[PDB]
Amino acid sequence: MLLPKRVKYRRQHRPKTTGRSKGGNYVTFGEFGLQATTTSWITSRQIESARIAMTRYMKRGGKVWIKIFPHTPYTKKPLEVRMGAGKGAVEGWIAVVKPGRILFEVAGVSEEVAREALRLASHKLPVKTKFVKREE
Amino acid sequence: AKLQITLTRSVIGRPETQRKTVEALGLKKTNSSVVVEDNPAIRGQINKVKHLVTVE
Amino acid sequence: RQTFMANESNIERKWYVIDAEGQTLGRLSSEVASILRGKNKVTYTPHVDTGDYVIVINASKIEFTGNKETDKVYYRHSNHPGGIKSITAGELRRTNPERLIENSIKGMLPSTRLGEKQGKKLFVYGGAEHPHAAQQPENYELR
Amino acid sequence: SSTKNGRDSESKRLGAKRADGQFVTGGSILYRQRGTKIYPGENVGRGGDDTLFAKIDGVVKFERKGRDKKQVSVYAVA
Amino acid sequence: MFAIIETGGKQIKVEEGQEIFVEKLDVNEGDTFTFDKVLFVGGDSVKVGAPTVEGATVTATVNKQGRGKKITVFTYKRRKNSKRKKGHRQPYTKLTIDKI
Amino acid sequence: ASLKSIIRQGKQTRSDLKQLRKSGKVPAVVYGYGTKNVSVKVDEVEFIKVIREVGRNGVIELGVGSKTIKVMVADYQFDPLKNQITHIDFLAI
RNA sequence: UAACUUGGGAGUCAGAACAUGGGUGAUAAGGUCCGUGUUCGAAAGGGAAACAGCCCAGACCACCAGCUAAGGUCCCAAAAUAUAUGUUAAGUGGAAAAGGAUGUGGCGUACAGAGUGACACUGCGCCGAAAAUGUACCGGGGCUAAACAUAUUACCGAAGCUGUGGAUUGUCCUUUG
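Chains as they are written, first to last, in the deposited numbering: chain Y, 1 to 136; chain M, 2 to 57; chain V, 2 to 144; chain I, 16 to 93; chain D, 1 to 100; chain H, 2 to 94.
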């Protein structure tokens, strides 16, 4: 349940989401990584589901890193209400991902057990992915 | 007396800023022509509307 | 004003006999359509008929391309509730080969009072024997 | 089911009023600001509310005054 | 025999001894005109090509000078209270070919 | 065998650089000591393997205009999505 | 080729769609509120099958004259069943996703006795794909090129431009032309 301990403002604007990724396009902690090829929003619940599956397959084999964090919240309106009369209330926290960013990095295992722990975790995410190694 | 510019496309549907550059050169209607000498400020007007006229 | 105009006192209509043996359905009907309309004469007039007569023999031996012998179906409604029938092009060639070419050429003509008169100058047979020898038909090769 | 916001104050027309190289009179306002974002120069005065005005007739000149600081001056035309 | 003559922005097919109607010319009644530009000289005799047969002029005689039948020009637009009515009569010259 | 090279003359347009990368050739700049700033052209594959032997800091010995100059790789640009090198900087000590 | 000043007379204060930069809503609405340009409003003509806002283009009048724009050239229906080299077999073209497949091309890195495996980045297809009067999402016939990609050479095509003859208003202001 990743969520910032405190924020200055609880009602923000939504990110642009159009363009290419800004930073974090390389592997710097582990031996392998999972790279994204499309744009989408990632919620804390999705990150939780996608990392528990990876941990189970590896059987506590090595280290796993999460390079994304849901910094931005989003509001939602009640059910069956009319337009206007103020803004909604916080519902959850999301993160913006664009083509060329790494989501998960693992280390301490082989190249085969690592290519199967990331495939079982890429089906929990709403974005397309790819297998990438530390570039030589 | 060095250049010849003729208007090929009309001005309907164009921004008002471009319709004003077609007036400084001396173009009234479609297919109308005019003769002027190659100046540094003359080519600055054609470059702005190079998608509408045909310099020869 | 000097444009020529054709009337029913200077028009000559002849008789042709075209063969459909080993020919594509769509590419053969598009040529017969222009003959029935008179689009090949230099004295063409729009408000009068100036085409000729055409006889189609060996209709049962037309050809299709691909899987159109099963995927192409013909529908028709009887004006009653739920009264819609159907038949495939492959099954129609084997039963009524003349209605297959007759309806394929009739759809390439205008739907006017003059176009219905130009569509009656067509005769289709499934074999090579036609009863119109008295009309003295002349052979025609498709271009 | 209500809003707590919805207040705002009238906008003040701050910024420069004359351009560089332009001729002005003895009492022409040159820059309205809060505080001192641009300092006065030769033949320039700072008003009560930090407004910059000229004192003679001449051309306006926006120049730099030190690292990361700007000024405005006025020179008589010859 | 025949010839194509260009007179008023159009072309015509004239024979010897035929009546024609063209745009208003300069000649008055009873004078003689001459078609400088001949584009084609047809028939079974010696023919020629283009752009324009040098020479081989045509001669005619001016018969009448009148105005075509009156034409009424009307236009309107529904629900806008806008209409316009005009009249028009096109002048013409009637000639008669003499010899090609 | 020393690798081959080409000299980019003038100034290329956005389209010229894109078409050059499409062909299989990557642009490069050499600004090391003892040389001027010249734009060069080297095959992407030819560089990918010659760098295998010399490694990261081995001596390239690239030849510009009939004059071989001993050089090394200082920094380069890489496209992670399409996995295509974009730019190479050669530094001659 | 305008602009500014003084005076006489007005109308207008319900706006709309498209592109684009944002808030709001659910990165829903032919939704709603602002920035910027165009069109409609008050704009006929050609194209998009029909279709105020989309594309081309601004109708003084007459003609059985010519050249072009958008869009097009097998038949309905005016113009190439044109030329050169390649791709697709599904009616794809002529409606959609996550995912699933030695379907088929292009460019790069002893296997049951001289041919078999393993990858990366990419063309065009397949499955995933169920609504109520009747074919029913090519406008119809129909088409395997009459589909797609990269080019060349012709032609058709507006009330646009030109040619010819006439109206009204001007500016020309030195032989009423």
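I should point out that these hints are in silico values taken from the structure, not numbers from a laboratory. Be aware that one or more of the hints could be misleading.
What the hints assert, rightly or not - For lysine-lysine, the following DSSO-like pairs were computed, each having C-alpha atoms within a straight-line distance of at most 27 Å:
| id | chain 1 | residue 1 | chain 2 | residue 2 |
| --- | --- | --- | --- | --- |
| 1 | M | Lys51 | H | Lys19 |
| 2 | Y | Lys133 | H | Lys26 |
| 3 | Y | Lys87 | I | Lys19 |
| 4 | H | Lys68 | Y | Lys133 |
| 5 | I | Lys19 | Y | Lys76 |
| 6 | H | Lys50 | Y | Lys22 |
| 7 | V | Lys40 | D | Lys13 |
| 8 | H | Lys83 | Y | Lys124 |
| 9 | Y | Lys133 | H | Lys50 |
| 10 | V | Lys42 | D | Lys13 |
| 11 | H | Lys5 | Y | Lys98 |
| 12 | H | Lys23 | Y | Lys128 |
| 13 | M | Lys49 | H | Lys23 |
| 14 | Y | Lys130 | H | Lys83 |
| 15 | Y | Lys133 | H | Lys23 |
| 16 | Y | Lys5 | I | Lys19 |
| 17 | Y | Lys67 | H | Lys19 |
| 18 | H | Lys50 | Y | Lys16 |
| 19 | H | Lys83 | Y | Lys128 |
| 20 | Y | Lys22 | H | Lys83 |
| 21 | Y | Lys130 | H | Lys19 |
| 22 | Y | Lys8 | I | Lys19 |
| 23 | Y | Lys98 | H | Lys50 |
| 24 | H | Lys23 | Y | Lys130 |
| 25 | H | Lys26 | M | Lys51 |
| 26 | H | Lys5 | Y | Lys22 |
| 27 | D | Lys47 | V | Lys42 |
| 28 | Y | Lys77 | I | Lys76 |
| 29 | H | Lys12 | Y | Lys130 |
| 30 | H | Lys12 | Y | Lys98 |
To see whether the hints hold, each was checked on the structure:
1. With a CA separation close to 25 Å, the supplied pair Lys51/M and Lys19/H stays within the 27 Å bound.
2. Restraint check: the Cα-Cα separation between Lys133/Y and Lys26/H comes to about 24 Å, which is no more than 27 Å; the hinted pair holds.
3. About 11 Å separates the Cα atoms of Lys87/Y and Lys19/I, which keeps this hinted pair within 27 Å; it holds.
4. Between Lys68/H and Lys133/Y the CA atoms are separated by roughly 38 Å; this puts the pair beyond 27 Å, and the hint is violated.
5. For a cut-off of 27 Å, the pair hint linking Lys19/I to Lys76/Y stands: about 18 Å separates their Cα positions.
6. Taken as a hint, the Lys50/H and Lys22/Y pair is broken in the structure, with Cα atoms around 31 Å apart against an allowance of 27 Å.
7. With a C-alpha separation of about 25 Å, the suggested pair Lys40/V and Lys13/D falls inside the 27 Å cut-off, and the hint holds.
8. Between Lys83/H and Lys124/Y, the direct Cα distance comes to roughly 25 Å. Compliance with the 27 Å bound is thereby established for this hinted pair.
9. Restraint check for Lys133/Y and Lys50/H: satisfied, since their Cα atoms lie roughly 19 Å apart, inside the 27 Å limit.
10. Proposed proximity of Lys42/V and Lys13/D is supported: the alpha carbons are some 22 Å apart, at most 27 Å.
11. Distance check on the hinted pair: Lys5/H and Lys98/Y sit about 38 Å apart at the alpha-carbon level, beyond 27 Å; violated.
12. For the given pair, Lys23/H sits about 26 Å from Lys128/Y by alpha-carbon distance, which is consistent with the 27 Å threshold.
13. With a CA separation close to 32 Å, the supplied pair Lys49/M and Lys23/H exceeds the 27 Å bound.
14. Between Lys130/Y and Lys83/H the alpha-carbon distance is near 12 Å, which keeps this suggested pair within the 27 Å criterion.
15. At roughly 24 Å between alpha-carbon atoms, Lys133/Y and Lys23/H fall within 27 Å of each other, so this suggested pair holds.
16. In summary, the hint linking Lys5/Y to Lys19/I is supported, as the alpha carbons are separated by about 25 Å, within the 27 Å threshold.
17. At most 27 Å may separate the alpha-carbon atoms for a hinted pair to count; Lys67/Y and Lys19/H exceed this at roughly 32 Å.
18. Between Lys50/H and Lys16/Y, the direct Cα distance comes to roughly 41 Å. Violation of the 27 Å bound is thereby established for this hinted pair.
19. A distance of roughly 15 Å separates the Cα atoms of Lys83/H and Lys128/Y; the hinted pair therefore holds under the 27 Å criterion.
20. Annotation: proposed proximity of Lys22/Y to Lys83/H holds, straight-line Cα distance about 16 Å (limit 27 Å).
21. Under the criterion of a C-alpha separation no larger than 27 Å, the hint pairing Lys130/Y with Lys19/H is consistent with the structure, at around 25 Å.
22. A distance of roughly 17 Å separates the Cα atoms of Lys8/Y and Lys19/I; the hinted pair therefore holds under the 27 Å criterion.
23. Distance hint between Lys98/Y and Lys50/H is unfulfilled; the C-alpha atoms sit about 32 Å from each other, more than 27 Å.
24. For a cut-off of 27 Å, the pair hint linking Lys23/H to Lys130/Y stands: about 23 Å separates their Cα positions.
25. The suggested pairing of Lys26/H with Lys51/M is violated, with an alpha-carbon distance near 34 Å, which exceeds 27 Å.
26. Proximity of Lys5/H to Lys22/Y is assessed by CA-CA distance (about 36 Å); at most 27 Å being required, the pair is judged violated.
27. Distance check on the hinted pair: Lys47/D and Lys42/V sit about 25 Å apart at the alpha-carbon level, within 27 Å; holds.
28. For a cut-off of 27 Å, the pair hint linking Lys77/Y to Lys76/I is broken: about 55 Å separates their Cα positions.
29. Distance restraint check for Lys12/H and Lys130/Y: the Cα-Cα separation of roughly 37 Å exceeds the 27 Å cut-off, and the hinted pair is therefore not satisfied.
30. For a cut-off of 27 Å, the pair hint linking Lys12/H to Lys98/Y is broken: about 33 Å separates their Cα positions.
Taken one by one, the earlier hints fail for this structure at numbers 4, 6, 11, 13, 17, 18, 23, 25, 26, 28, 29, 30, listed in ascending order.
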